[PDB]
Structure formats: structure tokens, C-alpha cells
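S.K.: Taking the hints into account, I'd like the entire structure generated from these sequences.
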Amino acid sequence: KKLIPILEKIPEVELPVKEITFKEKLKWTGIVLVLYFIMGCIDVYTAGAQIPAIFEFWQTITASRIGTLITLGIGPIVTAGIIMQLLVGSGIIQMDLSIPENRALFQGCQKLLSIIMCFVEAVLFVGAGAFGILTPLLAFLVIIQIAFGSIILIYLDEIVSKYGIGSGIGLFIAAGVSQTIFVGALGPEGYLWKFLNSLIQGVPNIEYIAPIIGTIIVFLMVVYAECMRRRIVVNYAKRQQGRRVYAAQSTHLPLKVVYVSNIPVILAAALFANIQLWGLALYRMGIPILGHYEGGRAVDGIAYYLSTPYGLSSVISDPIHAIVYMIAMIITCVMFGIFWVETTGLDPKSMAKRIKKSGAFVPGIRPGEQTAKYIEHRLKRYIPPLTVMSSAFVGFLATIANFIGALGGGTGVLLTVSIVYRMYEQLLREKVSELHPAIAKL
Amino acid sequence: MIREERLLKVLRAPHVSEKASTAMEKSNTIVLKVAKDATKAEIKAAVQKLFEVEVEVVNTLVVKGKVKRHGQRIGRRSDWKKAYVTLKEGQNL
Amino acid sequence: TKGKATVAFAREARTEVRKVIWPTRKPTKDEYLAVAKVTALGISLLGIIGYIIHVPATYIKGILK
Amino acid sequence: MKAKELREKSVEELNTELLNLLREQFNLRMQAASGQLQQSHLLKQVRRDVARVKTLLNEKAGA
Amino acid sequence: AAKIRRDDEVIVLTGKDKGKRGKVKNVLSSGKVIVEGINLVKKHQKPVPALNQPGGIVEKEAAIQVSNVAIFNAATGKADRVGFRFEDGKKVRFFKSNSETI
Amino acid sequence: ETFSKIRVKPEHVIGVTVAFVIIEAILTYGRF
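Protein chains in written order, with the numbering used here: chain A, 96 to 537; chain B, 119 to 211; chain C, 10 to 74; chain D, 25 to 87; chain E, 432 to 533; chain F, 692 to 723.
If you're looking for bench data, these hints aren't it; they were derived computationally from the structure.
For every residue, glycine included, the Cβ atom is placed at its ideal position computed from N, Cα and C.
It is possible that some hints are incorrect.
[Said to hold, decoys possible] Reference excerpt, derived from the structure (chain F facing chain A, CB under 8 angstroms, subset only):
1) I705
2) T708
3) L718
[As the list claims (entries may be wrong)] The list that follows gives simulated cross-link-like pairs (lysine-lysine, BS3-like), each with its CA atoms no further than 27 angstroms apart:
4) A/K468 to B/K186
5) A/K468 to B/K184
6) A/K451 to B/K184
7) D/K28 to D/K68
8) B/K144 to A/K536
9) B/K144 to A/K451
10) B/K158 to B/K200
11) B/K127 to C/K35
12) A/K118 to A/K104
13) E/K434 to E/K522
14) A/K120 to C/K46
15) E/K474 to E/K491
16) A/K536 to B/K137
17) B/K137 to B/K151
18) E/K434 to E/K463
M.R.: So this is what it looks like as C-alpha cells:
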């Protein structure tokens, strides 16, 4: 038995078997995209227009804008996904998700908990004094609104996940970071214009262009991190032989790598988002257990040594802080990467053997250049690093991306660039092989 | 006049594909089209200027078994080498 | 233990394999400019569509608080 | 036709031969042996280039 | 010689292609030339080794005659006989009667 | 797939989200 009765009573999106055209999928993604940004621009009903600063850390990973309808963003959905990866991944629950039973029960449970986290995080946020009026009536009203907008985002994820292009959760983070940059540089508080105005003002301010430069360095750095050429042809064809006739082979290659170890470092950063949140919440409504705060953010404790330095420039004042945080993030990334081994990962051994039944035939040439086994290894050299083995590396890269600092978050840029790249090609993807495919690569 | 760059121009291809690529094209032991008589000399000393291998066993064998290259037309086999040396190192790649 | 040693070793060989992935050119910066273009092209659309709404939307939230 | 090069002396023909005849099949005709040429045309002037080395050796007497 | 060139506003005289003018993008040697857009044709886009194999009968350019053609000359649509050997570092045609490259 | 009994058209959750937008846009702003 499980939590079945109320699990049934969670709504779920009604997926069609009917055609969704590429045009329709793109358009469906775009309506959701606009609904997201809309909720980022409407502030919650609170009579208190006063809000005590921001949590600078939280917004990037969470894909949230504090004080809006989506104050709470994709935060809870991630927080719940943390906890399932924790429990099924440690083998505290040993679930083998091979059966559609435990696959669906991994997922449906996590959704149910997603919803639990939606209010738990909503209550935790106001408890952490993120609106500065703790009038219990108005506080109750605000908690409703903050969590419900995250619930909308659970459902909007499902829509994009079934009616559109890319994933909801991916898209919302990339959306939020992209917008933070464009506005933060060029908007009505734009750093490019604060800078340019400073030039004209006759006192050039290295500071106002400084978080702009931060972003460019990080963007360049992030993007040269899967550029590489490996390539294998063992897939065979020969059709119409003669070497200026056309060609004669089946012509597979990669050039780009690391591709299921992403969701791990999303989790790793998010875990710290919870601790900085949870600790501050526990601080001004109970006992310091995870640290001491004041001035908004952490100043001490477990919560300080785990805080992110970024915002406009490097922090070189505290080198031990940098060392502990860095070590902490790496090992946290190793941890969710290994739980991306023990619960939800990627295959090589039989991904190996998947291709050889045939290569490509004229019809006429009947392969055995590919050998159906004697290929497992080729795969088991290739994959990972794709669930682990650059989880470490990415967590490193993300951390130092924050020590440089950037606008929209150095790590948020890092995730965004990647989400965008798996996305971009999806926008493009449909068009060529609906002439029936371009072919001859098996 | 003491050696020749002429057999430092010996590279023509590493073998590949299915079985026998495993440590036969990688690690110690490597197999590759090497000249046509090799030389057993500047084919062990042109990797001794590259991996420092004094080569665990320098071998040769010209490579055989049927014409193809249009095997359903008439085929032609020009013939070539598998070096089939064992290198004494393989670690500076 | 050895499980730490083998994991250590398979770093080295995979990096070794980056060494020989290295003079396949990883095209000079043509590879990496390709990702940089289409990534920043993508970040541009999402950010600009977010700008057309957000900046004017806080023009209105500002003019009539 | 008629209209090429600049002529090359045999004190520097020397240097040319160590770059498109030697240590060029270790990087380009090794990497012909490792493909990825959407620049097929470059290779053809590793040949037809040091083929001019020995034309301007026997034709021009090393000049 | 080379009394014709990539520079001809041809109208075509062979059926179903005739009456349609345009420039010769690049000159073929097929007894055909490549004109912008007179050249399109049916094509139940083939399935012979190496193609997409689409849902439908595409159009593809295809290049028309030079054994039954005419060029817009100086102000003429007509041809009044043609020459080659005209001046300069060019080699070029010229027309007879237009007496003039065009 | 998922063992949710309830089937909800995305049109409904799109329009439910529009509901929340119109509600809190004018609950808050347009103070009157």
C-alpha cells in the first residue's frame, strides 16, 4: 500500500494521442512563457507595500521573483525532488523503478510532496520575515497566494511537458535568468545605462559596468565546456559505391557531452537555497541551529559557510569561506550525481547493442562491422560522464562562476546556457526530417 | 647519412572496428598500417621519439584474406601491414 | 579503497582521451562559437520577451502605485 | 598555366619538407587517418606544394 | 571566342518555358543554362538511394535550352547575330548589329 | 503513466491561471 487515495485526487494534465504540430507545440510553449513573466510582474495582495530587501540567493535557482505571485517559483518542486532523490537514492527506500509501478510511484509521490512543499515553503518564507508584516490574518492570505502561484507552475510544467517544447522547470529558470540580465543591463534600472550615464556624468564608474562584464566572462567560460571532438563510425552502409558518387558509410558522431548530470547540480544549488531559507526561518522564529543571521542574510553558522559569494564582484576577504563553500558544493554535486545513479540515470551497456541488427543497407550490404556485443564498453566509456563524472566538475565550474560573480547568477547563467542549448535546437528540430528523414547513419 | 626522415613518414592508419581494437590499437600493443616492409627500426624508433617505447616486441605481418573494394565486382587487394607491435609503454597520448 | 583508486584512474584515462580529442581541432573556435551563438541567441529571445513585458509593466506599477 | 610562386632556394626548400612531407602525416595525414575534413581542398596543397619543391629543384637547379 | 555569356536575359523558345525572361545566374554547358526560376519542374521526390522521401511531389530547378533561345540585346529583344572578341582585359562577346557587348 | 484518477484539460489550468492573474491584479492594484 501507499498514499494512493489522495494521490488519485491530485489532478493531472490530460495528454492527447492526436497530432500536436511543431507549430502548436511552440505556440503552447509560448503561451506558458508569457503567463510565467506575467506572474513575475504582479505583486501579491499585501497592504504592507514594505518588504525587507530580498533573498538574493534564492531567486536565481528557484526561478522566482520575490514579492510577486511567483515569490516561491519552482523552489518547492525542486525541494520535493531533492527529498525523493535523497531517500530512494540512499537506499533508505530501495525502489527499483523498472516496473511502471515504482516509476509512477517515484513520480506521483514526488508530485504529492511537491504540493506539500508548496505550502511548507510558502509558510517558511513569511516566517523568515520576507514581507515584514506578520499580522496573522494578512499573513494567512499572503501564504495562500504565494503557494498557489507555485501550484500553477506545477501545472504549467505539466502543460509544457505534454503540449510543448522542452521542460517547464528548465524553461522557467532560463526565462528568469535571461530576463534578470536583459532588464538588469538595459531596463529602467539598467546597469549599461547607469554606466553610460556615469561616463557622460564625467565620473566613469567601473562598478556599474562591472556586473555586466562578469556576465560576459561567465557566458564565454560556460559555453567552452562541451566543445571537443570525439566521433565514432563503425556503423556501416555502402550504397552507390564510388567515392565521388556520394559517400559509403553511416556516419554517427558526438562533439558535445555531459547531458544528464545537469539535474544533479540544479539539486545541489537548490539544497543550499533551502538551508539559507530554512535557517533564517528557524532563526527569527526559534533557535539558531543552522546559523545566525542579522542584516538579512547569514553572518554565521553552517548557513554562512554554505552561502554563495556572488552579486557584482569577487569576495577575496574570506578565503576559508570560499574554500569550505567550494568543497561543500562539489561534494553536494557528487552526492546528487550518485543518487542520479541509484534513482534515475542513463544506460550504456545495451545502448551499445541497440544499433546492430543491421547497419544501413542499399538494400544489399549486410553489416557486421558493428558487432552486436563487443560494443558495450564503447558505450561504457562514453556514458558516463553523463550521470556523474562531471557532476564534480560542473559543481566546481558553477562555484567559480560565482566567485567571479555575474548578473542573473554565475551558476544561473551556467544552467540557463545549457537549458537554452538543449532548447534552442528543439525550436529548430522538427523541420528537416518531416520530408521523411535524412538518413543512412545506422 | 645516419638515419632518414623517410621512415619517419611511416604513418598510414591505425586499424579499427569490431574485435581486435581493444588493446590492439590502444594501450601496449598497437596495430596499424606501417609502410610496406616496415623497417623494424624506424618503426620502433619513431615511437621512441614519441612515447619513448623501445617497443616490447616489434613485429610485422602483411595482411591477408581475399580481395574486395568492389567484392561483387572484381576486387583488388593492395596489401599492407598490421604492425602488430607490442609497445613497451603507451601512456603519452 | 581500490574503488577510490579505479575512479582516480578512470579520470586520467578519460582526460587522456581528451588529449586525443584535442587535435581533432575541436574546431578552432568554430565549434565553440557555434554553441556560443545559438545559446546567446536563445538567451536573447527569452530575455527580450521578458523585457517587453517587465519594463513597461513596472512603468505602470510605478505611475499608479 | 604560367603564373605562380616566387621561386625557392635550396637552403630553405629544406625547411618546407619538414612540414608537408614529414610531420604532416602525423597531424593531417594522420588526421586524414582520423578524418573530419570539410576542408578537403587544404590537403591537396600539402601534396602539390612540395611537388613544386622538387620541380624548382630539377627545373631551376635548386633555385 | 565565347560569343555568349552569364549575362543574357533569355526568354526561351521551347514550349512551356518560352515567354519567360530572366538572367543567366551561371551558365551551364548542358546545352542548357541556369536561369533564375524558369527552371523549376515536377519531381515526385525520388526515393532512389539517398533522399528524404517526402509527402509530396517537390519542385526543383532544372535548366533550359540553348538550341532554341534568344537574348535581350541593347534595346532589342531580338538577336541580330553575335560575335566575340571585344576589347580590354576582358575577352567577351559582343553582338553584331548592337556592336556592343549587349 | 501517472495514477491520477482526475483528467484535467490544459485549457482549464491555462484559464485557471488567467483567473488568478485577473483576481490579484485588481485585488491589489486599482486600489478602490
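S.K.: Each of the hints needs a verdict: does it hold here or not?
M.R.: Quick rundown of the hints versus the structure:
The closest approach between the C-beta of F/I705 and any C-beta of chain A is roughly 7 angstroms, which is under the 8 angstroms cut-off, so the hint is satisfied. Below 8 angstroms, beta-carbon pairs count as interface contacts, and F/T708 has one with chain A at about 5 angstroms; its hint therefore holds. The beta carbon of F/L718 is positioned within 8 angstroms of a beta carbon in chain A (closest approach about 5 angstroms), and the interface hint is therefore held. Restraint check for A/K468 and B/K186: the C-alpha separation of about 25 angstroms stays at or below 27 angstroms, so the hint holds.
Simply put, A/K468 and B/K184 have alpha-carbon atoms about 25 angstroms apart, close enough for the 27 angstroms limit, and the pair holds. The straight-line distance between the Cα atoms of A/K451 and B/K184 is roughly 25 angstroms, inside the 27 angstroms bound, and the hint therefore holds. The straight-line distance between the Cα atoms of D/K28 and D/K68 is roughly 16 angstroms, inside the 27 angstroms bound, and the hint therefore holds. The suggested pairing of B/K144 with A/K536 holds, with an alpha-carbon distance near 26 angstroms, which does not exceed 27 angstroms.
For the suggested pair B/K144 and A/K451, the alpha carbons sit about 23 angstroms apart, so the restraint of at most 27 angstroms is met. Taking the CA atoms of B/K158 and B/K200, the gap is about 12 angstroms. The hint holds against a cut of 27 angstroms. Pair hint B/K127 plus C/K35 holds up; C-alpha atoms about 25 angstroms apart against a cutoff of 27 angstroms. For a cut-off of 27 angstroms, the pair hint linking A/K118 to A/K104 is broken: about 33 angstroms separates their Cα positions.
Restraint check for E/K434 and E/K522: the C-alpha separation of about 10 angstroms stays at or below 27 angstroms, so the hint holds. For a cut-off of 27 angstroms, the pair hint linking A/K120 to C/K46 stands: about 24 angstroms separates their Cα positions. With a CA separation close to 7 angstroms, the supplied pair E/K474 and E/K491 stays within the 27 angstroms bound. Between A/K536 and B/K137, the direct Cα distance comes to roughly 21 angstroms. Compliance with the 27 angstroms bound is thereby established for this hinted pair.
For the suggested pair B/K137 and B/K151, the alpha carbons sit about 17 angstroms apart, so the restraint of at most 27 angstroms is met. Of the supplied pair hints, the one linking E/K434 and E/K463 holds, its CA atoms being roughly 15 angstroms apart against a limit of 27 angstroms.
In this structure, the one hint that does not hold is number 12.
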